[PDB]
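*Asks:* For reference, the chains in residue letters:
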Amino acid sequence: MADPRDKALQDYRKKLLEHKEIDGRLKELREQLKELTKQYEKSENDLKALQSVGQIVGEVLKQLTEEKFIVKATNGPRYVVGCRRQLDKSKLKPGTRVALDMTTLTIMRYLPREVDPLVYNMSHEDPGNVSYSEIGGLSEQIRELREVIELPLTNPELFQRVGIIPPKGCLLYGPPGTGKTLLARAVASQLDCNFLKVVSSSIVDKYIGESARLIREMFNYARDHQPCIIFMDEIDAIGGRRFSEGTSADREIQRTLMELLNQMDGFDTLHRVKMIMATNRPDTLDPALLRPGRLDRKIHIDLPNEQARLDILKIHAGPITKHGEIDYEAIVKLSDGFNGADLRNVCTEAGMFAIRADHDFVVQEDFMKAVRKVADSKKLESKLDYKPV
Amino acid sequence: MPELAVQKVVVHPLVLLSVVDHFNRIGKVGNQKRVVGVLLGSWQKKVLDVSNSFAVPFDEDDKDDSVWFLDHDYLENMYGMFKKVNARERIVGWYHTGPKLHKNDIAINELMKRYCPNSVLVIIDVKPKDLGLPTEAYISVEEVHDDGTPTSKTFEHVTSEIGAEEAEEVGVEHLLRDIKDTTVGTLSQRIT
Amino acid sequence: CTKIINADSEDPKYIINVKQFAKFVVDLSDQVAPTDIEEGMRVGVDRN
Amino acid sequence: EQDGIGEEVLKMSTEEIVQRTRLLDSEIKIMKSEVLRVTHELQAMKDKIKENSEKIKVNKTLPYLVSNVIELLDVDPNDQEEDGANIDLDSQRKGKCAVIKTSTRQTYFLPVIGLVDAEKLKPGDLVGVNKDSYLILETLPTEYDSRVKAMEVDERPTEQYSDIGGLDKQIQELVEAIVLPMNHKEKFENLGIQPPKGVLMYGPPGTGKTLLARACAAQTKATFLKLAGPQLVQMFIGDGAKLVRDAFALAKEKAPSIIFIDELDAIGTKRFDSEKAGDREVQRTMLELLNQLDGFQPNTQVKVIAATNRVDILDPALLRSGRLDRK
Amino acid sequence: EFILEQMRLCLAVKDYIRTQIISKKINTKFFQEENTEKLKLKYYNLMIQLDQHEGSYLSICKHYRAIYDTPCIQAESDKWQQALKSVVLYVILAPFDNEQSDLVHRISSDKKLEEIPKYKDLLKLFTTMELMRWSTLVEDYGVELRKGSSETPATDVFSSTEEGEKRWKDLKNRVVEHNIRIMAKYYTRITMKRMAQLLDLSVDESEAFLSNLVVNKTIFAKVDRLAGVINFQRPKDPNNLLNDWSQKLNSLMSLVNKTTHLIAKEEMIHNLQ
Amino acid sequence: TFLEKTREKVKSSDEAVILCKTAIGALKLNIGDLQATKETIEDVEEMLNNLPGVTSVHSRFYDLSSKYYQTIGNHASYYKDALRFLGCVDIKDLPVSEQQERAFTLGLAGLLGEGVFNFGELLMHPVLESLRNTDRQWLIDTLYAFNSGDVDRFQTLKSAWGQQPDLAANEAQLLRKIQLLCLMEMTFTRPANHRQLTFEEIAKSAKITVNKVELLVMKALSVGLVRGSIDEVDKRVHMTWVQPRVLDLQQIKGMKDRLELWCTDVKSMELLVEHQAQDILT
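Residue numbers (the authors' numbering), protein chains in the order written: chain L, 15 to 403; chain U, 1 to 192; chain H, 98 to 145; chain M, 28 to 354; chain P, 184 to 456; chain O, 95 to 376.
Simulated from the structure, these hints should not be mistaken for laboratory data. For every residue, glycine included, the Cβ atom is placed at its ideal position computed from N, Cα and C. Hints are not guaranteed to be accurate.
[To be verified] Selected chain U positions facing chain M (in silico; Cβ < 7 Å):
1. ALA5
2. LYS45
3. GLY80
4. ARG88
[Unchecked claim] A few chain P positions that, by computed beta-carbon distances, are all more than 10 Å from chain O:
5. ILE200
6. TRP351
7. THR371
8. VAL386
9. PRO421
Let the hints inform the model, and build the full structure from the sequences given.
*Replies:* In structure tokens:
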């Protein structure tokens, strides 16, 4: 190369390089061999999966002693099973899922408590939230709710000093569109914990008393994973009355209703799980359910007031791109007739008019159009969710 | 290589019977020339279940204990077949047919360790040793003694017991033409 | 045959409803036409 | 490699390097013999594997049951919690395992395939499982019934907008409202608005309320779900309600998409209080619908067309915005 | 800041109790942080005086120790000598029971503790079970504990401060009761008289220590005023002797059968030799 | 620097890698880099240990670690490390001189300790035993006295001790320690039939007052040489248990005697057990 000695070295080097090419051949064959071992372990473990069946899952009905456990198997017939000694009997105790064998009928192992796929859909959902207030200035009523639900659950210590009986639950009623469901999201927004937003139009089942038992499984789940606030949605059919001189649906609503009563207070008291119920029509529910002393606050949410309408526009105005206007405020205040859901819709529907014209901007003319349109549509269907005023 | 996956060694009645039966089959050797064979059994467990054994033709001389024959080729080929039988059957270690261990056994152990992932040398005896265990299990250990001995490779004992499997246990009763005055279930048995 | 779903990896997949009311996915007939297995069509499938 | 460095000069003589070259000639030939050995070792390992493969092959093919994933346990490939005794480890020990709740209405805790592990399958999948001994061979897409098939995307024909003359203004509102936020979601965001949660078309029968929507949607090319309100109601109690929830979920995956709902007195009954009727089941399908429109995002992407020829049985919430933005 | 201000003004008038409860309600986490560090120092320094007067021993150990850990005190050589030794002194002062024994382990673990030879030696008697004399302990106590420290030229607040003397007296009761604890478990029976020779304190003083000890329930004793005997761990039932007798025989059988397995290997010979 | 340089490649398989590592440890120790010596000593110690083939190499390395402990002057730590050398000992490939210095220092070192006892082990190895000098003749007789567990033999030797001042400073500690050992030694050796000891025996032997022995006996139990209870009013310390001890001269003899008593009883007893209960005996 750069030394006359490096030139001599270079002729020798070729032979060292040659020796590596012969090793290369050997090396290819090893390369496949390194992969072949990973696949070996995988397949050997796979044979053990193939001879092994999909063993019966069960639950412990009653543990009499270590050697005799009664199980409710998922195939149907309840069995007497044994246990292996490589397990602690404390884990396996009743109300807990356990694995069962199918080769021998013995409890294989401990499985943690389990929840249905239905409960997963309900646990996932929450977003679309608002920061704190449904509507600003009304904020005092909102705080009261917060005071009821959040605090005792997180920290009981404050309630202990005072010596008082803690606040329990909230029942929400108000007109359709006011923002009852949004409040449910709102409390969730700030806190950021485990949530079960439980739709009650999927707890229901064709069999009777399976739906009641189900709701109960969700309450248990919320306790394990505290903090939790359970938002009950659409209880105009999971809460009702006795009924039952008709369909198979009618026996079913009364049963599901029984569960909501116990949880509110009838042997189980709200401290470990807290519930806010958002209801369309409060006269659907039970005369028992309403009764105060298993509910603390019964909050009535009011529709927008004159000054209350302005602040909501102010939050909407940030998302929307306009020419550099802020015109919405004055026009809404003189007019009348909005509920919370309609106010966000004047801003959404002005945005639609702009898009037809082609603008990324919303003009003062668009907004005007929306106010007339929304009022017009109310007139056709003034058949809103009946509450006497 | 690891000798790890053992804290206990249980051995089936099958293991013993296979060695006496196999002696006739091979050559009618009869412990004239000691035999070493593969010890087969389970893995992925702390406890070692020796399910099975097969003989390998190994003759060790009685002129000399440093010379032996051990048929290597049989081991690789028998390997693929074990999976046809069950996928819990793999080579755990080796067996010595006794009457006793040797120093020579360390050398026999190094060859067998390449195949196994948990090699152990378990002496299953062709003669039953007393009314006690006819098996003793040992594992190769590097240790010093304060006797003024530097590093040795020797055999230190690990606890041996006799176990059984559900299929096998039933089969044993049927085969048996003894009734058992040594059952040890009750007062009558207990006094004996 | 209840429904036609393709994620084919052998021969065309169909989900059938057995009369023990377990759903099973089966595949294109052993020799008969794919044009004879349709949605809302009856099919004979092996018991074993 | 080692040579052709300046360090080599210092360390060694020239004579050492030439002598090393002479040794190399013999060394390469030996390495060539070694080629034959390596190939030989590779085949022996493979043979064990080949034995194993025969077993995997049959299970993978037919028959296979259809099931859902309840939960994920996992316990690694035959490591477990050391539950292995002197009872079999091919009939007790499981590999990396998944808990599944099957469609029969049983549960099985099962050993999944060692090659493609249990960790990969998450809760919510619709999977095949082996009938004999349970293993999850592979995954199957969303598969259920013939009612569910219609809901899955495949365009619905054009009946043309040039079948109705006049009422021009109304046509412009439908094409803007439904078709544009679906493709052009970027623009709805750019302006600053959420894409609708739907449009309600109301009026007297025969005007062409349905006529325009179906016609325009094919022409533009769209991802078309065919949902019918009376279909969603069923004779089993609140099973019907679950279907709505699932049907919308189907739209959310596919997103953005337009769900055409033909008619809305069967998931738009007016009633929130009733007794002694088939209206009890009908009310629940309607209530689940209200919830699906409410905000949880990817469900502002997906659009909704609902139609009525009446107003004297329309559900006020669904008419009200924030369920269906446009009227 | 709030607790800091309030604690100082109430300290001047002398009202320890009202602030002291409040300080615990505020979570312990807040004080530890670097941002708060400057306040933390001030806050604790006040608090340690406050709790001292109250006589809450357990609380001083914690407070001084929180101080010890904080980054500036650890980093600088001087600062930790006073803070950690203060914990070491409060830990001996704390009620003689299980809490005391648990705290002595914690301090002794500290690497910083171990480098001082004096204090290392001092812990080593408490840590042992070998019988440790009051006479020896006292000369060792003179140099180390009374001034606070002896490995830096500073006074640590423990003894020779206005509250400090108050605590020192108790220190005598703690050490003697500890000497008794270690001793009590080994000796089933001792005469009152012999115990005095062992403690290097009179029979009357030992009697009073045991009265306090039995109440804490560190070890049960029966003590007589007759002077006959002090009995530790004896019920005076034949039941004890019957169960004890059985246990020794039960282990023994097990031993013989295991030993012979290894023996079998030795026995073979001409392969070892 | 040079030692490290040589460590490169290998012909086939030759053990040469480790030798260079041990040699760098030896070099470190002389120079005065103690810390460095230590880290390399830890690495080699594993590599050597694994093979059965290393006799000699492992032993020089072990001597090297004992040298580091000795330089500090902390005797307790020194004695322990030295023990690993005593097990590994061999005279071959180990210089006569390094061994000689180490053995004399060690002999002194164990005695100085507060709670280390392996005197029986020392008798067993020729490295300390065969090694003899003027000073060494008395020092081995003191180790022997210790091994048997006799307070009185040990203490009579006291005049000789003074030749070493080390022994003279902690003479007090040394006499108490023999006695502490005696509790363990006497109970395992002389009584098969009993296991209790009086205080008075210790007292005369030690020629130490009665008041002290009760206190010494308490320390004995705390170390764990003996476990049991002490009953003051009966003037006995009863041993439930005796600590295992490394092979001693007195010991081996007692074990044989007790095994003989045991064989004989088991044969007599076997006849009684068999003789009665005839109808169940089959």
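*Asks:* What hint numbers does the structure not satisfy?
*Replies:* 1, 7
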